[PDB]
Amino acid sequence: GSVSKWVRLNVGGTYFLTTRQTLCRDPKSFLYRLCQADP
Amino acid sequence: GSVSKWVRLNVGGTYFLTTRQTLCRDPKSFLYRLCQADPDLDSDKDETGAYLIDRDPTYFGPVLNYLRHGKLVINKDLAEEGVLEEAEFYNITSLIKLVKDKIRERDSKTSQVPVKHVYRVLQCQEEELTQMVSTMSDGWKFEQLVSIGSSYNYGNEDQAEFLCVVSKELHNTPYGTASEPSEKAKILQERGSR
Amino acid sequence: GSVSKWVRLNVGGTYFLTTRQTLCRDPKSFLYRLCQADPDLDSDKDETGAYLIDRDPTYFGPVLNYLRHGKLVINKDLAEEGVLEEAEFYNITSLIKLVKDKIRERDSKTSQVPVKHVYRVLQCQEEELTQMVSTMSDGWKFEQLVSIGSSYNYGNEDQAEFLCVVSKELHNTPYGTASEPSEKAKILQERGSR
Amino acid sequence: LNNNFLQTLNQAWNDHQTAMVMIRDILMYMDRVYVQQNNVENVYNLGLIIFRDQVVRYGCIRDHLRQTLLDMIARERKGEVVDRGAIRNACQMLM
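Order-wise, the sequence lines are chains D, V, E and W.
Quick note on numbering: the first sequence equals residues 40 to 78 in the UniProt record's numbering.
Quick note on numbering: the second sequence equals residues 40 to 233 in the UniProt record's numbering.
Quick note on numbering: the third sequence equals residues 40 to 233 in the UniProt record's numbering.
Quick note on numbering: the fourth sequence equals residues 97 to 191 in the UniProt record's numbering.
Don't take every hint at face value.
A few chain V residues facing chain E, derived, Cβ under 8 Å [stated by the list, open to error]:
hint: 1; residue: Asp-79
hint: 2; residue: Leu-80
hint: 3; residue: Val-112
hint: 4; residue: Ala-118
hint: 5; residue: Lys-148
hint: 6; residue: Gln-151
hint: 7; residue: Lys-180
hint: 8; residue: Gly-188
I should point out that these hints are in silico values taken from the structure, not numbers from a laboratory.
Idealized CB from N, CA, C, for every residue including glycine.
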């Protein structure tokens, strides 16, 4: 779990600590599903 | 890191953390067996619990990209031959054929008989000459302008007084040729040929 | 480690996690004496047991590919001169020879005459001109068009009106000239000369 | 059917929708390229139409729902305290 405001995503094991809002900038994307907390 | 449903593989000394099915995409591969349980294996890093697999990560990159999404990728700093031999070691015959075709395209575009270049002969007289010369389309390169000898309408004027041969290089290899079966096209070509 | 099935080398501060046999591929290599545990060794990472070698990770890569899969493949961003330097430093005589051969072919191409252009003189009357220029064969480049004065009809309206010099490059210099002997071909050439 | 049939239909539909949002999330691409290039339906309206033709357009459910809703709205017209939220749920379903 990394999503409260900001995501510390592991893209291929590479750390990307980015903003969920600019992630949601695109209307809908595969990352966009990862923006919201889901099981 | 741990080796689990997500597997941590040490190619060249660098760790790639990938998904089990991504490597399990196709049996024809070195990594198929590695995905399976193996008591046959002895050269694995017990210091971090990861498989130390021999092969450079750079040429392993495009192989992993293919094995994720079924297509190769060639960087402008990465050797096509290098990813070719990476395919050779890891034994993905479809990927071997695809990278061989990529090398074929690279060589053919640079071969003794190139695929590029295409030539046209516009015709204009002096009055309209500078017009179509200046307005001449982008990407096309002017090649030669010739006048024509004339025994009709002496002086600088004729209805074919100048022929402007122009040309442009082509990028036919990615787009592909327009040669494909179509019988009506063949009929039209024959009719226009004679 | 000091002694292990797998070796953790340190080229320019970058760890290469490879196998003993890759280094033990040939015994005329600098890396073979590097691999052995014998006197006159004080340059190693004494915190993990990694052999810290003062060599570039750039040109070590293509060389390591030679001992990993029998062939050296240079990167598009690494000079074959650099890999020749590295092979000579590691005294891999076969590799030195192969890289020298590759450099010889490359320099024969680059220094002068990379290709040997062939030239042809099509003869076209004005009417068909554009089409046979448009349908001019793939891999050939237009080079020149010249009219010819004639007493049949000066300038326009001639069936030998235009002489079109076209050409194409040929990769025979970097690969070497090819020829085979045959007496019948020679006597036929003599017939053709007269 | 006797025990708050409308609420059971509500729960079954809610399960349909919660699963169906996810199902669309998985098959985004088939919605994107295959549906567009083939001029067919997407996943979501497909699931809604199938819910229509396999639950709503089925005799017993259809007529029981219709009669229950008519009786409930008549009773609410008379001023009797009945679950208005149930009526709202059914009306949006049928919408």
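Checked hints:
Taken as an interface hint, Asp-79 of chain V does not check out: its beta carbon lies about 14 Å from the nearest beta carbon of chain E, beyond 8 Å. Because the closest C-beta pair between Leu-80 of chain V and chain E is about 11 Å apart, greater than 8 Å, the hint is violated. Violation of the interface hint for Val-112 of chain V is found here, the shortest Cβ-Cβ separation to chain E being roughly 14 Å, above the 8 Å cut-off. About 5 Å separates the beta-carbon of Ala-118 of chain V from the nearest beta-carbon of chain E, less than 8 Å, and the hint is met.
Checking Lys-148 of chain V against chain E: minimum C-beta separation of about 11 Å lies over 8 Å; hint violated. Interface hint at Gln-151 of chain V: satisfied, since its Cβ lies 4 Å from the closest Cβ of chain E, which is below the 8 Å cut-off. Because the beta carbon of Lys-180 of chain V sits about 11 Å from the nearest beta carbon in chain E, more than 8 Å, this interface hint is broken. Residue-level restraint check for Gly-188 of chain V holds (minimum Cβ-Cβ distance to chain E is 3 Å; threshold 8 Å).
The earlier numbered hints that this structure contradicts are 1, 2, 3, 5 and 7.
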